[PDB]
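Asks: Work out the full structure: start from the sequences and follow the hints.
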Amino acid sequence: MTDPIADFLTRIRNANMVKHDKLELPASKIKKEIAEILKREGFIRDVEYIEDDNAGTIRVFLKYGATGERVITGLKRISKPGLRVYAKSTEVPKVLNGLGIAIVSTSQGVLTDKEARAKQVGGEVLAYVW
Amino acid sequence: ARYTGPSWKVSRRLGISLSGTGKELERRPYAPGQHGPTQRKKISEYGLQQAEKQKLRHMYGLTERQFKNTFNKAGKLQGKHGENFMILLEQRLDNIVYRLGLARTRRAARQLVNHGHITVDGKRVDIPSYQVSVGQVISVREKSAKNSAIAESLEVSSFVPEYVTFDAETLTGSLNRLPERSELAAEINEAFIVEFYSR
Amino acid sequence: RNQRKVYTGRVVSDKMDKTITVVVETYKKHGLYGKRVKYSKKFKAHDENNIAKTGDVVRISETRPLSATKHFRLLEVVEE
Amino acid sequence: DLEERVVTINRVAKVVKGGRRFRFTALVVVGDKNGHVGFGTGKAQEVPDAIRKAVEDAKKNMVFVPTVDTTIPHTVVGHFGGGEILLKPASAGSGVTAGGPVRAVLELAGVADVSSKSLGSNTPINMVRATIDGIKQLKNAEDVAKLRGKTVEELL
Amino acid sequence: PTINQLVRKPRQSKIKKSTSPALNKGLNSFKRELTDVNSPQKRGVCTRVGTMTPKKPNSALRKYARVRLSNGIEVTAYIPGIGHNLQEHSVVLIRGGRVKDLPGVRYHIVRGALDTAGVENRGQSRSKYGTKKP
Amino acid sequence: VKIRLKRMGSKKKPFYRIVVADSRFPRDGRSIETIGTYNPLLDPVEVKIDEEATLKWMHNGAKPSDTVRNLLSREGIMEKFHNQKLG
RNA sequence: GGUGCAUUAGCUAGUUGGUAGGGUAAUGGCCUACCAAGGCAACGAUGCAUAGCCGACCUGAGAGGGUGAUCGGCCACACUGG
RNA sequence: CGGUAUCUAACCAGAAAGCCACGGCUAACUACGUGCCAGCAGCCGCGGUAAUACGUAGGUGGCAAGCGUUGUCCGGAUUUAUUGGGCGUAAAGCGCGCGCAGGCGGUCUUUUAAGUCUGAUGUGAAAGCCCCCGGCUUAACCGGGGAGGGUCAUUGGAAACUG
Ligand SMILES: [Mg+2]
Ligand SMILES: [Mg+2]
Ligand SMILES: [Mg+2]
Ligand SMILES: [Mg+2]
Ligand SMILES: [Mg+2]
Ligand SMILES: [Mg+2]
Ligand SMILES: [Mg+2]
Ligand SMILES: [Mg+2]
Ligand SMILES: [Mg+2]
Ligand SMILES: [Mg+2]
Ligand SMILES: [Mg+2]
Ligand SMILES: [Mg+2]
Ligand SMILES: [Mg+2]
Ligand SMILES: [Mg+2]
Ligand SMILES: [Mg+2]
Ligand SMILES: [Mg+2]
Ligand SMILES: [Mg+2]
Ligand SMILES: [Mg+2]
Ligand SMILES: [Mg+2]
Ligand SMILES: [Mg+2]
Ligand SMILES: [Mg+2]
Ligand SMILES: [Mg+2]
Ligand SMILES: [Mg+2]
Ligand SMILES: [Mg+2]
Ligand SMILES: [Mg+2]
Ligand SMILES: [Mg+2]
Ligand SMILES: [Mg+2]
Ligand SMILES: [Mg+2]
Ligand SMILES: [Mg+2]
Ligand SMILES: [Mg+2]
Ligand SMILES: [Mg+2]
Ligand SMILES: [Mg+2]
Ligand SMILES: [Mg+2]
Ligand SMILES: [Mg+2]
Ligand SMILES: [Mg+2]
Ligand SMILES: [Mg+2]
Ligand SMILES: [Mg+2]
Ligand SMILES: [Mg+2]
Ligand SMILES: [Mg+2]
Ligand SMILES: [Mg+2]
Ligand SMILES: [Mg+2]
Ligand SMILES: [Mg+2]
Ligand SMILES: [Mg+2]
Ligand SMILES: [Mg+2]
Ligand SMILES: [Mg+2]
Ligand SMILES: [Mg+2]
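Chains as they are written, first to last, in PDB author numbering: chain h, 3 to 132; chain d, 2 to 200; chain q, 4 to 83; chain e, 11 to 166; chain l, 2 to 135; chain p, 3 to 89.
Just so you know, these hints were derived from the structure itself, not from any lab. Incorrect hints may have been included.
[What the hints assert, rightly or not] Computed cross-link-like contacts, BS3-like style, restricted to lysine-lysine with a CA-CA straight-line distance of at most 27 Å:
| no. | chain 1 | residue 1 | chain 2 | residue 2 |
| --- | --- | --- | --- | --- |
| 1 | l | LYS10 | q | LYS38 |
| 2 | e | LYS69 | e | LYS149 |
| 3 | e | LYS160 | h | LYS78 |
| 4 | e | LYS127 | h | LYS34 |
| 5 | e | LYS127 | e | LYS98 |
| 6 | q | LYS41 | h | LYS82 |
| 7 | h | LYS90 | q | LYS41 |
| 8 | e | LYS156 | d | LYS69 |
| 9 | h | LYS21 | e | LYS69 |
| 10 | h | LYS78 | e | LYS146 |
| 11 | q | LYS38 | h | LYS78 |
| 12 | h | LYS24 | e | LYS149 |
Replies: See the structure below:
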């Protein structure tokens with residue numbers, strides 16, 4: 003319905019608040035890209051792609067630090083169906099003063115803020131996560 | 002000068018012995034007027050910031066509008082705001098004349114600059130607010146020359162700061178290099194004047 | 004040489020003689036919110052002799068003023 | 011040691027058949043410039059007793075402020091009750107710009123370059139609670155790097 | 002509201018009315034019309050003088066005046082200071098500023114700018130009330 | 003079309019721009035293309051000029067004024083223009 | 001691309017297009033005769049009210065808000081109308 | 001312009017300081033007079049016999065050849081909230097439904113470059129803000145160079161996302 007990426011972010015947010023360890027949801031290309039990015043920056047622990055003959059699903063394990071500390075402290079959606087947001091190469095933002103990351107879809111695929119500013123390319127910003 | 006009133010009054014009200022060494026505060030360290038030897042009152046943040054502004058303004062003896070203009074111009078520089086403001090305040094010709102030994106207070110330096118008794122690079126200057134640079138020299142252009150007042154001022158002049166070099170054979174002084182906040186007043190809190198101008 | 008402006012639109016009214024009306028649509032940022040909004044403007048084009056039919060996408064090109072309000076000529080008809 | 015400052019005192023009342031009874035409630039912020047600060051409330055028939063009780067209360071709920079390079083690492087917002095305080099980093103030599111209670115708590119904490127704004131109600135206790143709450147979700151590069159299993163240079 | 006609701010109709014501010022309308026317009030005799038020109042002070046002609054009573058809890062009598070302005074406006078002004086040399090058919094200079102004590106008075110009278118006189122035996126706040134240095 | 007001299011600066015302190023413009027326009031108003039500066043106060047006159055656009059304008063029919071002619075003569079634009087006409 | 005009103009909903013007929021002609025430095029219902037009934041409008045037509053336009057000025061953390069003093073560029077007017 | 005700027009000598013502390021404010025907001029208090037009168041006032045409000053708020057005197061604070069008052073605009077005002085608010089009880093969900101236009105739209109592949117991102121060319125006058133240099137004894141002021149500013153036209157690129 004309308005926005006699946008917002009549903010993705012809301013699922014991780016709810017599971018993080020509940021201190022859940024495992025999450026599953028239907029899969030797509032952009033969902034797999036977001037999960038792979040989050041795994042690269044270590045926000046999540048692991049991600050698996052389970053094959054079912056409707057669309058396939060993705061399962062992510064939430065990662066918590068020592069003494070039950072939340073690794074992911076917030077997810078915000080920037081681009082929306084009612085208002086799209088596009089950022090230039092010199093307009094890409096720094097999430098949480100460099101402590102967090104942003105996801106941007108540019109002409110070279112999905113990248114983070116560091117990759118986008120390294121190649122001097124721009125795209126549309128999808129979300130902030132910190 | 003800007004203001005020709007009593008000098009012990011402003012120092013006594015301010016709480017510090019500016020333009021001297023405690024001699025204005027030897028007796029009755031309380032504020033002037035009939036109130037102050039009786040009791041006191043509380044002090045808020047606004048009072049402290051205004052007190053620091055008065056510290057600077059009556060320490061360097063320059064009017065309020067010129068003070069704010071100098072602060073604004075110092076904001077143009079690069080570095081910490083208050084340090085740059087203070088070091089630009091230290092660039093005044095009056096301050097250089099006073100701290101160089103040619104006078105004893107700010108008023109004496111200001112009057113001796115107004116009459117053109119000094120000169121920079123052989124140019125008579127009647128502007129006390131002239132901003133000296135590195136390598137600029139000072140002299141007496143043989144006007145006062147063998148004057149009693151300048152001899153007395155050189156007699157009782159404490160010492161010379163390490164950022165200015167002066168020789169008395171020809172009464173020549175020049176800024177060695179830029180002074181730092183480390184070699185400055187330190188009776189003030191420069192972190193409050195910026196906030197006071199920030200409201 | 005130089006070049007003239009070309010617009011691709013859809014024929015709306017072709018009931019004039021040797022001339023038609025074409026709507027051209029484009030999107031634009033808003034003044035304060037930055038949202039896409041449809042923006043349709045109607046031009047008048049000139050054909051050879053009544054070829055274009057209503058609801059057929061056509062490309063038209065700029066030219067001199069042919070009439071009181073007529074500044075475009077038909078370049079071709081892309082499809083119906 | 012521990013330096014303290016008085017924020018506000020309020021005279022509250024309660025009705026009885028013989029009249030009314032009043033007492034003073036005092037808000038006190040304590041802290042040292044090393045990076046530790048706290049707040050407390052006291053209540054007594056006399057103001058100095060209220061101040062002493064507020065100091066004793068404030069001494070029991072101390073917190074810590076990350077103050078890397080004498081500046082907040084990144085902007086944060088508090089949300090306690092009906093008060094809102096937004097804290098953001100400032101350049102060196104910019105001083106501190108804040109409201110009364112927020113100025114007090116930031117000065118006692120030890121920071122020197124930070125700018126804040128009040129976006130909610132102006133009740134002093136709620137303002138202090140919002141400021142402390144906003145200080146809660148501060149971060150350090152080393153801590154998040156340890157959380158994500160990488161180094162500071164990789165992260166920054 | 003949603004972004005579409007905002008593009009369909011945008012936000013609007015609230016029109017804030019002034020406090021001293023009589024200072025905000027002039028009169029044209031050729032067209033016999035009223036024009037929007039804002040002025041700091043104006044001048045007018047007195048019609049009557051008197052002293053009215055305030056609302057609760059105040060009871061002291063206050064000196065006021067009724068004036069026809071340059072645009073023929075019935076304007077009730079206040080007389081500051083101690084004592085005055087005002088009466089009917091006198092030229093007065095009206096200035097902005099309302100008093101809460103009187104429910105209708107909205108303007109003050111400058112002392113020493115016109116037919117109006119100053120205040121005798123005034124040492125402090127001498128710039129107002131129009132008294133020269135003694 | 004004349005390569006003219008535009009005056010600005012301050013009271014009793016004039017400074018001049020060598021500029022090309024039409025004779026029907028105001029002295030300080032619309033112009034075409036500035037080419038140089040001229041400072042009279044200094045005893046040795048400091049005149050900077052492009053010396054390349056000036057020759058193009060002279061070729062295209064831009065007659066200078068008396069002082070502009072003197073400056074072009076001293077800086078060698080007039081002599082080089084004569085040489086170009088001969089060659 | 002830069003204004004208020006829908007308690008201002010229909011406006012227009014040389015208007016809309018064409019065939020010939022006249023006129024101008026030049027295209028053009030700019031003008032004439034003939035032929036058909038068109039054209040614009042809730043993406044605000046028509047009407048009422050205010051207003052010269054811009055580079056720019058004041059304020060503001062910024063986004064924005066207010067204004068068009070001096071100077072520079074464009075436009076309109078010269079007691080009213082032809 | 002004009003004996004003008006400027007410079008050189010002799011005399012002179014002599015010929016040159018005022019305005020507003022002082023209960024809180026907001027820096028700075030004592031006495032006398034008056035007694036809900038005279039009056040002050042942006043607000044909280046002061047004045048009925050012990051007035052730090054009315055008038056004066058002394059004192060103190062701010063600014064300075066200026067200081068106060070008024071009128072207009074912006075801020076504070078998140079008090080039209082895109083940045084940056086809301087609708088159980090404080091103002092705020094139409095009494096409900098069917099539905100045109102409009103807004104938005106599950107998954108994958110190929111293709112297009114309308115949106116999107118980027119390189120080059122031309123242009124966005126001068127003066128103005130800003131940065132670096134200078135010239136006036138300093139400053140205001142003036143001069144040189146540079147930078148900024150567009151959903152701008154021509155054109156070459158990429159195809160993740162919307163179409
Ligand atoms: Mg800066
Ligand atoms: Mg053509
Ligand atoms: Mg408790
Ligand atoms: Mg008074
Ligand atoms: Mg000549
Ligand atoms: Mg504009
Ligand atoms: Mg405008
Ligand atoms: Mg013809
Ligand atoms: Mg008009
Ligand atoms: Mg100006
Ligand atoms: Mg603001
Ligand atoms: Mg203007
Ligand atoms: Mg004029
Ligand atoms: Mg103009
Ligand atoms: Mg005329
Ligand atoms: Mg006339
Ligand atoms: Mg003469
Ligand atoms: Mg002379
Ligand atoms: Mg003599
Ligand atoms: Mg004599
Ligand atoms: Mg004399
Ligand atoms: Mg003498
Ligand atoms: Mg004297
Ligand atoms: Mg005087
Ligand atoms: Mg009084
Ligand atoms: Mg006095
Ligand atoms: Mg005084
Ligand atoms: Mg401000
Ligand atoms: Mg606003
Ligand atoms: Mg909103
Ligand atoms: Mg609200
Ligand atoms: Mg709702
Ligand atoms: Mg209700
Ligand atoms: Mg209902
Ligand atoms: Mg209802
Ligand atoms: Mg319904
Ligand atoms: Mg629809
Ligand atoms: Mg889709
Ligand atoms: Mg320019
Ligand atoms: Mg100009
Ligand atoms: Mg210089
Ligand atoms: Mg300038
Ligand atoms: Mg310049
Ligand atoms: Mg320049
Ligand atoms: Mg720039
Ligand atoms: Mg594809």
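Asks: Looking back at the hints listed earlier, which ones does the structure fail to meet?
Replies: 4, 8 and 9
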